[PDB]
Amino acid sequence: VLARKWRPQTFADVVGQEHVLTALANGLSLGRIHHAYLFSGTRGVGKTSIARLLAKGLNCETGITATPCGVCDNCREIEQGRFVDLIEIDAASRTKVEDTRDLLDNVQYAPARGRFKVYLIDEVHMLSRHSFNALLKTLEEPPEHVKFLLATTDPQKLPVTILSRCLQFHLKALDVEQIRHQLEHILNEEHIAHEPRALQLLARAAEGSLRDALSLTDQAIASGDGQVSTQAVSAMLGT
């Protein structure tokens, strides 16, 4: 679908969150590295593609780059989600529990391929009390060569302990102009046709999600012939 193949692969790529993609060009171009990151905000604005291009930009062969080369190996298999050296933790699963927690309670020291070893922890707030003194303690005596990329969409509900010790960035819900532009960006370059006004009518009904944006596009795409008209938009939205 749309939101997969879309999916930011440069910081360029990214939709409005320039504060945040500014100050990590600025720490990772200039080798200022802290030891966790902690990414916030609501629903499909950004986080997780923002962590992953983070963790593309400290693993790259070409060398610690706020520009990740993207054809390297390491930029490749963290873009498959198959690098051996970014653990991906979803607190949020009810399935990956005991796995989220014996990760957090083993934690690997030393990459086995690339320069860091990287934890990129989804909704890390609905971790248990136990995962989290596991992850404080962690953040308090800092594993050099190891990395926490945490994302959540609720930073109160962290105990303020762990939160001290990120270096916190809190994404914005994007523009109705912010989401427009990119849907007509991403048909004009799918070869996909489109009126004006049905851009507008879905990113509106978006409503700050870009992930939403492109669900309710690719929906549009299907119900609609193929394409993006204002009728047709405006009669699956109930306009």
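Think of the rigid core as the biggest set of C-alphas that the two forms share within 1.5 Å after superposition. Residue numbers count along the first chain shown, from 1. Compared with the form deposited in another entry:
After superposition on the rigid core, the single residue among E195, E190, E61, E177 whose C-alpha moves by 2 Å or more between the two forms is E190.
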The other form holds:
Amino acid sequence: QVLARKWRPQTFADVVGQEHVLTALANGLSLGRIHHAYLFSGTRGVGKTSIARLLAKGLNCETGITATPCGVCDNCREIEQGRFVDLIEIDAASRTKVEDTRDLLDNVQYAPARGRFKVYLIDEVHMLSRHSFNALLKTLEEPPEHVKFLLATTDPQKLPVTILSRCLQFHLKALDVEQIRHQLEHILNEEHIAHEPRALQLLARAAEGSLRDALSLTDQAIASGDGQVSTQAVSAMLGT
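Coords for the form deposited in another entry, given the form deposited in one PDB entry:
No partner chains or extra molecules come along with it, only the chain itself.
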């Protein structure tokens, strides 16, 4: 049980920053105003896949479509561990799985098994092979009612305008140092873990906008200097 994992957002509410994206998805889920495809854009580390998964969670919670998924039903618990059957996770950026991808994209499992929606989460989507695009391109045109597409990319422009014009796009932003620092302090207090001021500042300046890496580092700092988050440990982990 490490901070990076233990502090994974369980609801839109737990997310730091991105006010506009959270409001649009929360309200959207709360209003039954749901689109066919969503496009999450931003630099690596802004939480693009983290927010898309919370969306899938909210979309499939057994209690119903909601912005505040219960987190205790099987869909929620499984979706949270990326072991859900209606949440097909794809990595277009890796050649290790190019085989199954192209397949799944035609093999659009048109009908959920246990969830009310079948969800495809495609990370680094602009990297899909000429093949996966075209089928994907074809589906966004004529979209199955119980199927949704959650796309993530660090490079929106590299996508055809035919996919761009068919997706509601969410522009995730990097956090300033204070938002990261404040969260870090709040986390360590809840955890009853000691921390020096400059130490958290070094950790936040270091994170470079990402709260996900802000946490890994803190963990890789709580590990170095044994016990607490002491300034020497931190600048020592930032090492040499």
